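Peer 1: Position chains 4, L, 1, H and 2 with the ligand against the provided structure of chain 3, taking the given hints into account.
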Amino acid sequence: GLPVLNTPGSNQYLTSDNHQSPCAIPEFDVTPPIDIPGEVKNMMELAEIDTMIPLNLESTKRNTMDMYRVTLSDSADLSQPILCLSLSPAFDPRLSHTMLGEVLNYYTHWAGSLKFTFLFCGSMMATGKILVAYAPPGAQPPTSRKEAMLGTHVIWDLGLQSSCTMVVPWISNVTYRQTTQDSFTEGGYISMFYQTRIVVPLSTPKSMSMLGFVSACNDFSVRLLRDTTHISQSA
Amino acid sequence: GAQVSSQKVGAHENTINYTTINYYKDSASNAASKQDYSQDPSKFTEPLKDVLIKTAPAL
Amino acid sequence: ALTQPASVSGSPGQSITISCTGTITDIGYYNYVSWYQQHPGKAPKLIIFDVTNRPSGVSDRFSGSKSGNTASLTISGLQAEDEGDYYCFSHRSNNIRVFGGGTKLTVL
Amino acid sequence: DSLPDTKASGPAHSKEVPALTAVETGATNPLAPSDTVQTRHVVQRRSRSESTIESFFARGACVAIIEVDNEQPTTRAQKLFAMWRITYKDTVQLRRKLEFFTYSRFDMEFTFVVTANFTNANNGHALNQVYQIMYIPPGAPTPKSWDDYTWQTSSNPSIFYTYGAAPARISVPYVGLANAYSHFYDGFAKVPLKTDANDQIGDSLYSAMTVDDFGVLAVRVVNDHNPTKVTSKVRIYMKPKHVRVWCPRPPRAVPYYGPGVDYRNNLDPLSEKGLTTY
Amino acid sequence: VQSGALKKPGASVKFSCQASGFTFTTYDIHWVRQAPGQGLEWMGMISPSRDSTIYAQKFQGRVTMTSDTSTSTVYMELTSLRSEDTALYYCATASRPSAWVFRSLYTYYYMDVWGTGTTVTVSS
Amino acid sequence: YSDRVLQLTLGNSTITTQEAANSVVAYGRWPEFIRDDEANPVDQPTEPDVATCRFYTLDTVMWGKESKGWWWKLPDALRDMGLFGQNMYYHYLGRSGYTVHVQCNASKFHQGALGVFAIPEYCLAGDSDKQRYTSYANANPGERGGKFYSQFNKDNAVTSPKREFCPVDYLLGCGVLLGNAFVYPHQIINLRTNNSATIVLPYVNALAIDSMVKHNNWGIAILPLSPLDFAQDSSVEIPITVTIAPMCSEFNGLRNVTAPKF
Ligand SMILES: CCCCCCCCCCCCCCCC(=O)O
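Chains as they are written, first to last, in the deposited numbering: chain 3, 1 to 235; chain 4, 2 to 15, 24 to 68; chain L, 22 to 129; chain 1, 25 to 302; chain H, 24 to 28, 30 to 148; chain 2, 9 to 270.
Next up, chain 3 with everything else stripped away, as it sits in the complex:
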C-alpha cells in the first residue's frame, strides 16, 4: 500500500512518551466525577503552603519533637546567633524534609522567592526584638550581627501579632538554581540574631520556644523531574 520508511527510534519504549494505545476494556461505563473538596491542579500549590522546619537537629534532640522548637532565653549570649541556615532547600538537612524541600527533591532546577515565617510561643508578658538576616553568597557567613545587618534583613517586634514573615528575594547568577549541593549555584545563608533581648517579669518562664516556617512565593517554578533519595527499598 502506502510506502513507509521506519525512522530511528522505532520499537523503543521511552517511559515518557504521550503515544496513543489500544483499550483493553472497550465501551466501559466510567463512574461520573463528583466535586470533592481540595482539588490540586499544580504541585506549586503544595509548596506555597507554609510548613515547619526541623531547625535544631542536635544529637540528643534529632528524631524527637524537640527538633522543631528553638529555645530563647533572657540569659542567652547576645553576641552569638540563634540559628543558622544554608539556603539549599532540597539539600540542607533542615529544609530538605519540609514539604517545600520534599517537592524540590523531585526536581533538579528551582527558581523564585521564598517566605520564611517565625512564630513566638512564649508568654504574653514576654517581649523583645529579633533580627533575621539573609546573606547572598560569595562572602564569609555571618558570625555576628554587625556582619548580618549589611544584608537583607527584617527587625521583628514581639507584639500582639505573634508572627513575622521574612521574604528572601530571588538573587541569583542563573535563571534556575540546582537542588543538589552545587557550589556554583549556591543560594546563600540565613541567620538570626538578638536585637535587644527577651525581657520577662517575675513569676514568668525564663526560657521559651520559637517555631520556624518556610513556603514559596507566587513567582516560584521548577522544571526537570527526577527521582528522590528520601525513599529506599531493600532486597
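Watch out, some of these pointers could steer you wrong.
[Claimed, not checked] Looking from chain 2 toward chain 3, a few residues come up when the C-beta cut is under 7 Å (computed): (1) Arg-37; (2) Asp-177; (3) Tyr-178; (4) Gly-187; (5) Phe-190; (6) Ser-234.
[What the hints assert, rightly or not] Keeping only pairs whose Cα atoms sit at most 25 Å apart, straight-line, the calculated DSS-like set for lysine-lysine is: (7) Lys-52 (chain 4) <-> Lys-41 (chain 3); (8) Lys-218 (chain 1) <-> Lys-269 (chain 2); (9) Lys-63 (chain 4) <-> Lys-129 (chain 3); (10) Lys-214 (chain 1) <-> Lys-269 (chain 2).
None of these hints come from the bench; they were simulated from the model.
We treat Cβ as the ideally placed atom computed from N, Cα and C, and that holds for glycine.
Peer 2: Relative to the frame of chain 3, chains 4, L, 1, H and 2 with the ligand by itself:
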C-alpha cells in the same frame, strides 16, 4: 477531524503548530493534552471565613 | 497454630472433608494455603500446594477450596491407604509460617 | 501561562504592616518580594507547566516482576505459569508519588517488557516464545495449570506478545467503584457485632476496603516445553494519564512496611546538624 | 538430604543438614519439629543464597542458625533445651514454587523435599 | 467587630469566644447537602437538622507538662452523642460535615502552643509486626480518643497481642513528619495569641455517601508544638475541651440497629 494547537518554542532557528488525531473510540486511548491551566492556591493558603487583605493586621 | 478437628472417621467409598480455620491475615488474605500427608513414621508429603492445585503424582481424589478464613480439604472416594495425619499449612503476615493442628483420619 | 510579574516598589513608611501576621489563623501570609524590600520591575518568562499534576505523573514506573519458566517435567518441581494481584503498593517510588494525595482519578496505561534467558550451559538452543497476559477480573476463574480451560480467554482481555517485538501496551480506563480511587481508607470492611457467634465473623483488616481489589494478571508461555530451561521475566510499567487528585498529604518519611501505614525499622529520618553551623 | 542423626538435659544441642549444591545455593532451607502426637511446629528459615535467617517467635532467642558453603551444609544450634523439646526434628528444602508472586518481585516456595530427621530426648 | 470575637450558633446550642484567631473553612468549601446530580441511592434521605446539627462536648483532656498529644476520629467520637449516634446506628449510609471547636484557656503568664490538625482518612500505624492487625474496638475509641507516644515500643506478647495502635508523635502516627502536617486544614492555639480554634470540615470522601459505622472520614489530632510551661513548678496541667457539631447531616437507608462489640 484533526486537532491543531500551538507549540511553545523554546529554541529558535537562525507560531509553530502540531497536529493530533485520535484514532480510537475510548477516551482512555487518547494522548495527554498537557494544556491544563493553573488555579489559585487560596483554598489551601488562605482558607479563612473572614478573608483579610495582606496590608491589614491578621487579628 | 491453626485450628483443625482432632479426628475424623469414615468407611471406604465415602467422601470426607477436613477443614482448616485460621484467622484474618493468614488463610483469609494470602493464597499460600497448603496441605500435607503423614503416615506413621514417614516424612510429610505435599498433597496440595496452592489452594486448589495438586502436585504431580497426587491422586485426583484429593481436592481443596477456600471460603474465607477457612480452607477445606476434600477426599472423595476414601481408600484404606489414606489413613494417617493431615496437616494444614499457611503463610502468616510479617513472613512467618505456621502449621495446623493436624487431623487423624481413620478408615473404618 | 507565565508567572505574575514583579512590580516596582519604592521606600515605605506606612501604618500598613504586611510583614506581621499570625499563622495561628491557619492562613499563609501571601507576600510578594515588593512588600518587604525594594524591587525593580521584572517581567517573568517562567512557567509552572512541568509542575502540573499531569507532568508530575507522566512517567513510567515499574510495579511488578513476574517470573515464568518453560521446561519439560523432571524430578525437580517447575513453575510453568505465574499470577500477580494488581497493586502498586509493593514498589516504593510510585506509591510515594501517589500517596501525596488522598483521592485520585486517572486513566491508566500499562506497558509490558519481557526478557528471557537460559540457565543450562550444555545446549543453549530454543525457539522464539509467545507470552499470554490475561486479565482476570475479581470473581472470575483462576488457572490451575498452564494448559487448562481458563486460557481460552472468551470474555477475559488477553495480550499475546511475541518475543523480540516492541513492548506490549494497553490503556485501561477509570475502573474504580467510587468516584475517586481511595489511597487511604480509615476504616474497616466489617464491623464486629454483639450478636456474632464468635469474633472471627466480624474480624477484618484495618485500612483494607476489599481483598482482590482490581483482579489478577496471569502470564504463561503458549509454546510447548523446550528440553532446556528458559526463564522469563515480565516487567510491568504503570503510567497514569488524565490525572486529577484531591486533598494533599505529607509524603512518607520512614521506610514502608506492608500495604498499610505501619512503620517498623528505621524511624530516624533526619541527620545531625548544629543550630549555629551553616 | 543428610540430617546428621542425641540426648542430655539442659545443655546445648547442635544439628546438621547437608544437601546438594544447586539446591543449597538456589533454594531456602527450613526447619520443622514434631513432638510425639503434638503435631508439626515451624522453627525457622536459612537462605544460603544471601545468608539471611528468620526465626520463629517461640524460638527467637534460643535458636541460632549458620551456613557452610564448603560442605553445602546448614547448622542449627539450640542454645538451651527443656523437657518439652523431646521431639523429632526435620530439615526441609523449599523446592516447590508457587504460582502467586510474593509481594510483586519474588516467587514463594513450599517444601516437598524432606529429610528423615533426628530424634532428641531432653531428660536425665 | 474584630475577628477575635466569634459567635457560633447551631440548633439549640451557642458558643461565644472572645479570643479566637479566625474561622477556617477547610478547602474553601462550606458543608452542603447532596444535589440531585450526585445522588447515588434512591431512597429519600432523613435530614433531622436541629436534632443532629448541634454542638456536642467531648471529655476534657488534661494537658500535663509531659503529655505528648491526643487524637479523635469523626464520626466515631459522636457514637454516643444522642440523636446523631442513634441516626448513625439505625442507618446504613450517612453524610455530615463538622464544625470542630477546641477550647484551651490559660493566663498571660502561661506559655505553649497546640496544633489542631484535621486529617482526612487519618490512618494510624499498628503496634506489632502483624500488619494491619488492629481491631475495631481499639481503632474506634469514641469520645475518649487516644494518645500519642514518644517512641515505638514494639509489643511482642505471645498470646493476646492487644491489637492496638502505637502512634509515634513526631511521625503523626502515620509515618509523615509533623512539620509537613500543615498542608492539612489547621489552626494553632498559641496561648499569648488565642484561646480557641475553629475548623469547619466539609464532607470529604470518594463517594457521595458512605457507611459512618465502617468508615471514619475525618481525624482530629491535637499535639503540643511548644510544651506547656508555668512559673518554676513541674505540676502544671490545664484542660483542653473539644466540641464538635455535625452539619448538613443526612442518612439514607433505614434498618434495625447496629450493636458493635466494643
Ligand atoms: C490486559 C491487562 C489489563 C489490566 C487491567 C488493570 C485493572 C485496573 C488497575 C487500576 C489501578 C489503580 C491504581 C490506584 C488505586 C488506589 O489507589 O486504590
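Peer 1: Take the hints in turn and mark each one as holding or not.
Peer 2: Hints versus structure:
For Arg-37 (chain 2), the shortest C-beta to C-beta distance to chain 3 is roughly 4 Å, which falls under 7 Å, so the interface hint holds. About 6 Å separates the beta-carbon of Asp-177 (chain 2) from the nearest beta-carbon of chain 3, less than 7 Å, and the hint is met. With a cut of 7 Å, the hint placing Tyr-178 (chain 2) at the interface with chain 3 holds, because the nearest CB-to-CB distance is about 5 Å. For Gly-187 (chain 2), the shortest C-beta to C-beta distance to chain 3 is roughly 3 Å, which falls under 7 Å, so the interface hint holds.
The criterion of a C-beta within 7 Å of any C-beta in chain 3 is met by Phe-190 (chain 2), whose closest approach is roughly 5 Å, and the hint holds. Taking 7 Å as the C-beta contact cut-off toward chain 3, the hint placing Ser-234 (chain 2) at the interface holds, the least distance being around 4 Å. For the hint linking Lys-52 (chain 4) to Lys-41 (chain 3), the alpha-carbon distance of about 12 Å falls within 25 Å, and the restraint holds. Between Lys-218 (chain 1) and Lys-269 (chain 2), the direct Cα distance comes to roughly 5 Å. Compliance with the 25 Å bound is thereby established for this hinted pair.
Taking the CA atoms of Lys-63 (chain 4) and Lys-129 (chain 3), the gap is about 22 Å. The hint holds against a cut of 25 Å. A threshold of 25 Å between alpha carbons decides the hint, and for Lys-214 (chain 1) with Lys-269 (chain 2) the separation of about 12 Å falls inside it, so the pair holds.
Against the hints set out earlier in the document, no violation occurs for any number.
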